[PDB]
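Novice: Starting from the known structure of chain A, fit chains B, C, D, E, F, G and H with the ligands onto it as the hints suggest.
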Amino acid sequence: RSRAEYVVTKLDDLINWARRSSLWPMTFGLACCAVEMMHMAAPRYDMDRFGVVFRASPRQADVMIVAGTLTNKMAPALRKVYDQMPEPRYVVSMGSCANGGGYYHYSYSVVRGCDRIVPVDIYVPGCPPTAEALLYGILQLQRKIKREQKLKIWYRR
Amino acid sequence: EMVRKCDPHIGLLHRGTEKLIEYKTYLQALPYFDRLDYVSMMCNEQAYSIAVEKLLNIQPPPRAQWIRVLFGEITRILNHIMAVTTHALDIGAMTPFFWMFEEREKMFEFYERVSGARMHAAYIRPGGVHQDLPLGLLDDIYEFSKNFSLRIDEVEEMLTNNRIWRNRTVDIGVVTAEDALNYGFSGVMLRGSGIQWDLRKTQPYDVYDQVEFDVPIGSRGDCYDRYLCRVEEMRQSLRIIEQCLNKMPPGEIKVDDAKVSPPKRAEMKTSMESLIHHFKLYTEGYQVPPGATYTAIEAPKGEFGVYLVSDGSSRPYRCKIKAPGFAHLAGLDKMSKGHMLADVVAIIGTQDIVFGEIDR
Amino acid sequence: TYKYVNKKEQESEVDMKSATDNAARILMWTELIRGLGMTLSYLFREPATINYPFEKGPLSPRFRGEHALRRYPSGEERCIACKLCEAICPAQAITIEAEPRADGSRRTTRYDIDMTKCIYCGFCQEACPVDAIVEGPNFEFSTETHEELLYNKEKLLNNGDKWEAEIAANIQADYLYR
Amino acid sequence: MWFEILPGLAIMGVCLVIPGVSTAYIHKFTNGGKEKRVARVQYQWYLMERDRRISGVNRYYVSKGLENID
Amino acid sequence: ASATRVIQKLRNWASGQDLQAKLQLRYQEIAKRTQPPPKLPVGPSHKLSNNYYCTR
Amino acid sequence: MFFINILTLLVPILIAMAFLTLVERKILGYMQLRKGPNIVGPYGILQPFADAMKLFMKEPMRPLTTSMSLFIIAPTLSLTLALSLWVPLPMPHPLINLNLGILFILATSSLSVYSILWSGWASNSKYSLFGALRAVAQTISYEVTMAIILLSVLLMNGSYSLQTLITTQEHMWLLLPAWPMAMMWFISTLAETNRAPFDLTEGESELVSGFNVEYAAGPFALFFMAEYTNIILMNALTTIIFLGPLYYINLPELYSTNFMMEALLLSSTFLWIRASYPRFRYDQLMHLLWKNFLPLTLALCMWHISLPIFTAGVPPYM
Amino acid sequence: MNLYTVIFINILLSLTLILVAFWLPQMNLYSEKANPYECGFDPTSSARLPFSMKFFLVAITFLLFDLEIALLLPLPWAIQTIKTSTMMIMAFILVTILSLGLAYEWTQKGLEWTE
Amino acid sequence: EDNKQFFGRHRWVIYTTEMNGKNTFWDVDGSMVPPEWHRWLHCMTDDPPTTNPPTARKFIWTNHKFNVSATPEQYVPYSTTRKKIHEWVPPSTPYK
Ligand SMILES: COC1=C(OC)C(=O)C(C/C=C(\C)CC/C=C(\C)CC/C=C(\C)CC/C=C(/C)CC/C=C(/C)CC/C=C(\C)CC/C=C(\C)CC/C=C(\C)CC/C=C(/C)CCC=C(C)C)=C(C)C1=O
Ligand SMILES: CCCCCCCCCCCCCCCCCC(=O)OC[C@H](COP(=O)([O-])OCC[N+](C)(C)C)OC(=O)CCCCCCCCCCCCCCCCC
Ligand SMILES: CCCCCCCCCCCCCCCCCC(=O)OC[C@H](COP(=O)(O)OCCN)OC(=O)CCCCCCCCCCCCCCCCC
Ligand code: SF4
Ligand code: SF4
Ligand code: SF4
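Chains as they are written, first to last, in full-length UniProt numbering: chain A, 68 to 224; chain B, 104 to 463; chain C, 35 to 212; chain D, 1 to 70; chain E, 2 to 57; chain F, 1 to 318; chain G, 1 to 115; chain H, 50 to 145.
Bear in mind the hints are in silico, worked out from the structure with no lab data behind them. Please note that the accuracy of each hint is not assured.
Claimed, not checked - Beta-carbon label-pair distances, calculated as ranges: (1) F/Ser-110 x B/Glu-246: 55 to 63 Å; (2) F/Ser-110 x G/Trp-23: 45 to 53 Å; (3) G/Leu-71 x D/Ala-39: 28 to 36 Å; (4) H/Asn-101 x B/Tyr-126: 41 to 49 Å; (5) B/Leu-240 x E/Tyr-54: 27 to 35 Å; (6) E/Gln-29 x H/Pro-121: 46 to 54 Å; (7) E/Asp-19 x F/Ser-110: 31 to 39 Å; (8) B/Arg-266 x G/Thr-16: 41 to 49 Å; (9) F/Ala-299 x G/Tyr-4: 35 to 43 Å; (10) B/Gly-394 x E/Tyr-54: 32 to 40 Å.
In this text, a Cβ means the ideal position worked out from N, Cα and C, and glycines have one as well.
One chain only, chain A, in its complex shape:
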């Protein structure tokens, strides 16, 4: 193909490499799934070794790991801290509660899955999913944003 197309593809690879090697989650959790999330932070699995480091403010966050039961009282707050994240942001639902309500699906005060509130990039199943499974979801998200072709789509526009 064109020489400029190759340059654009390599720039896409570089941008995707940077964004997948530096994934900072918001220090945000709701329940037992967030307990497994800090067990992923624990020395056995070392998200920091993978380059994944928690940041407290949503402004410095890249991904949002919805780890727990999203209730009706919590949903505006979750939407607010999602909206306050800057644009290259991703969402990892974790556990059956955040996926589709889970054990509290038919409850009066539970949002039936956080995908009703925020656009979810990756769903991690389990109750709780193990820290292995959450780490697998993080690596799958890294592959997904490695697959992104933003500058190539912009060039083909």
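Specialist: Just chains B, C, D, E, F, G and H with the ligands now, with coordinates in the frame of chain A:
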């Protein structure tokens, strides 16, 4: 930065757990208790199981009781690890969090080896426990526990005599004994204020009257005394774990009553009565005779209570869950008088607060 | 019995040597130095970090993972549409419809498990009288859409066909306990 | 193990020895094999300006010895 | 467990504790992942006589 | 050639800052029984470049309530003052040779405090306001104590230049005569650099992120670069002042190597301290620096007034 | 000239970094994106409200102590004087007076924070 | 394997560079392990599937598939039942 008023708005993790429990059967309502206090899963299982067993007028076998006490003490170690290390993380130090969470990973391996789930085991059930221990588990528990007191000594060296930690915890959130009793505190709060009270010693359950251990008692009622109490009862939990390993008896696992506990799978596949009872227990469940009880269990965070009301059917009519964190967070505003933001962070850390059991 | 965690017994009085020791402790930051030494020892220890995904954390045959539907060695489905798993499912995550097959066999026409609704508790696999539904040890099945976690009978039978070499071995290692 | 820190430590060490060594070499190169003259007082500045006038090339570092004296 | 004696002495002096006796990493003392099959005992009601359910 | 000297000072300092971030991750991990970054690159050495590129390709935040002018001005001010504080250090020859070097250092440090304050006020948020006020209290305490410490040390030295400090420590470190104020200076540098236990402005657990809680992406990167450059800066200043590297007229490379080794050791000590200790409360920091350090600092200042007088060891003017 | 040059180079470098940081990435900003952060909920009141200061007396004392520092700073040139006895006595008097002021404030609880 | 290593790091896998036509030189996946090696690798048993192979069944997949999410081979749910209510079909001949 002084704190004039604390207003804890809760219910942001409220999921209608009591209503779902009253719309499900007893065995179906068991794994909700894993998710009430998701650091004390086996302890809440034990509390609900003792409540249902009291309503059923049946007792679990002694081997089941010893297994339940052993895993209750393992769970107490897990919860006090979480409380102490995340309290230290809120203060500012995270290395004990990392070390003790590696230890938590080993205890999660024990949980997975007995139940298949690392956290929400659903292992302790009315009538005993779900399955017997796999071979070598007691040896691995011994190998973990013989090395664990050194790790506690490591955290204690890191924090206890540290003048920074003493400045952050000493004379912070001082609670008098009469105020703790009136505010309805339980567990670590009462013993930190100096009240000689422990449910495992006063109203014992399972084989806690057969094990022997000491009760840590504070004298100043502050964050430092509560932290010392939690570390010392971690050591006492290790002592009880040693006693349980040495005195684990042989025998069965569930109560030998197929109208409450399900039979073995071989018996179900070879016997008509066992197949009928398996069918009825896993479809309708056992009928609990009508009556009300309040069963209180010394959870790691305090007194975990279940007020169960049974209407005579196979579903509970009412299940009120009493969490110690509810009363502690109600008393948070009193403890924060004349304090700052970092002091409030320390008080929230030292109250041993989890919100699933608070909100339900 | 009980013990005191912070109460001190009697007094140590006052001595010049003890006063000098406390003065050196305050001025020279001795407990801070030994905390530094503890962190230094941890630095020179060996980390407990495995090399995921090339190394996996240990598990047991009891582990409750992704659901699967098994078969007899003849290839006939083990499930007989008895709805015990559906009855005991605490999250109501199982939907079962059934009818007699062309040969008169009692088989399901719909077996759906909402894995976003399931709580991974194993009640289905311990209520199944014929060991049809199991929680095989797969846990790395995270998807990118919510729909892919809504399993049906074809997905569960494909999982049973995929993981039969491991599920059968786990049930062989486990079934004497249950 | 603890020696995996040593690559990053070595990169930091090289990046910390580069500025001082390079500054010394650049001073020596720009002052002609000698260190850059320090004028902390007006006397030293006057010495530097006198050397600059004496050299005849408007560079203070070009020193003139006994070859300018008969 | 693969630490040299110099590093072991340094760690023991820095911690004040004999770390090598109680390592937090499991090497070989743990149980084997494959176990012999068990034979679980039966309960007290597994008898063929004097076991009427109305009496228990 | 002077521009090339500027480049060969500025660029290696920036790369050393980025690998200081990497080495903090590795050292904290190995002190926390884990590994830290070793995937991104051979041994994690591409992780800081990945983080920098991600932050500079993430969009910045411009909140509605926020004063845009000061919000923009504060991070570039912070980075410029970090590099300006780096500029006059002698290793053993400074890029810019000053007479009142430590006075330049003090002025530039206080202006960096102003960068933090203006960021916190411009980001119109309550946590940012908390971070600004905590910065005010912190810099009050360490400013008075550190000024008296540096006064006593340079009274022993004799002048405000730093090549004079090299000549002073030609034969012996100043750690041996002045080790109590060396300890107090080390604590003062921790508080100046906002490192644990005296960080208190980017309060992770007390606040959310403090003064930069509304900052995202590029300006947040500028703040992080300024802070870690200040870490290497203050440790370099500490080893220049107190732990004098071996200086020989015929070869300055030995001085540069010894300075590098001691500065790396002090930076690693900073990371070690962050691992070891829990965070102070910010009134306790002021009480410490005003009740324990300050009376002893005044006493030692009087002692170092007296000492050259009764020993006849008055230092030379030049 | 050289110091001014390197200060200007630092200014240009930081301005270039913040300029490329603001003009390089894709912009997508809306109301909820740029609303202020209050841990997920709306702020009850503006952050420009008065915010009480419990160490105001310590700040005023810091002003006076900073001027005492400014007085003490010409000591490295003062020690070169011929009449070292007068300089030594005056420096001792200044530091002793400063220490007495600090001790008096400590006694009168001025260092303690209000409320 | 290496039994001198501690528990957890004593067994490991070097993944293939290509599996089922996908270039997995860098895109290594945890689901690429077939079930028998999965059991050995997760340490549910001490014996590999070379000295103790699993029981062979004719319905067991001969080719393992990794996680096929966000691929054309992904799983799409559907109702597996047939239509329950059958509508009346009007006649194709007019009455008049
Ligand atoms: C039981 O009850 C409960 C709780 O209670 C206990 C809960 O809590 C709770 C909530 C639970 C959670 C939210 C889970 C959260 C988990 C934890 C709290 C545990 C995890 C632990 C920590 C967060 C502590 C981590 C500690 C560390 C030491 C890690 C280090 C972290 C840091 C932030 C510091 C390091 C910094 C970074 C990672 C970023 C650094 C890098 C940069 C910014 C890059 C800057 C560099 C540049 C810009 C340089 C550029 C210049 C150049 C010249 C480069 C050249 C470039 C070229 C391209 C050439 C729940 C729900 C709960 O139920
Ligand atoms: C750069 C060189 C190396 C520097 C040291 C680097 C390595 C050591 C780093 C350790 C980690 C530090 C982390 C932060 C710690 C913060 C806490 C802290 O330090 O608090 C300060 C603590 C505070 O103690 P405190 O706060 O616990 O004390 C309680 C005080 N009240 C009750 C009032 C609140 O100690 C000091 O303030 C002491 C400072 C140093 C004093 C040195 C005195 C030496 C002896 C002088 C001469 C004596 C004889 C005189 C002549 C006699 C003649 C007969
Ligand atoms: C984003 C906006 C930022 C605004 C703030 C900028 C801060 C810059 C960094 C901090 C500066 C702190 C104050 C420094 C003042 C000078 C210090 C000093 O002692 O300089 C003296 C020195 C030579 O004097 P001496 O040491 O006696 O030597 C004589 C014999 N060699 O040297 C001299 O005599 C040289 C005199 C000039 C030195 C200062 C040059 C400043 C240049 C202007 C910077 C701002 C530009 C305007 C804004 C641009 C757009 C944003
Ligand atoms: S999915 Fe299960 S483990 Fe996760 S938050 Fe819900 S109840 Fe807790
Ligand atoms: S594991 Fe439990 S929640 Fe999941 S399908 Fe089986 S019975 Fe239902
Ligand atoms: S319990 Fe077993 S046999 Fe019965 S319907 Fe469920 S899977 Fe089929």
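Novice: A separate judgement is required for each hint: does it hold in the structure or not?
Specialist: Going through the hints against the structure:
no. : hint                              : in the structure
1   : F/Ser-110 x B/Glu-246: 55 to 63 Å : holds, 57 Å
2   : F/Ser-110 x G/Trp-23: 45 to 53 Å  : violated, 32 Å
3   : G/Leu-71 x D/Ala-39: 28 to 36 Å   : holds, 29 Å
4   : H/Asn-101 x B/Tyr-126: 41 to 49 Å : holds, 47 Å
5   : B/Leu-240 x E/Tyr-54: 27 to 35 Å  : holds, 33 Å
6   : E/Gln-29 x H/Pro-121: 46 to 54 Å  : holds, 47 Å
7   : E/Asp-19 x F/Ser-110: 31 to 39 Å  : violated, 50 Å
8   : B/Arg-266 x G/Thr-16: 41 to 49 Å  : holds, 46 Å
9   : F/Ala-299 x G/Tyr-4: 35 to 43 Å   : holds, 41 Å
10  : B/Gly-394 x E/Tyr-54: 32 to 40 Å  : violated, 22 Å
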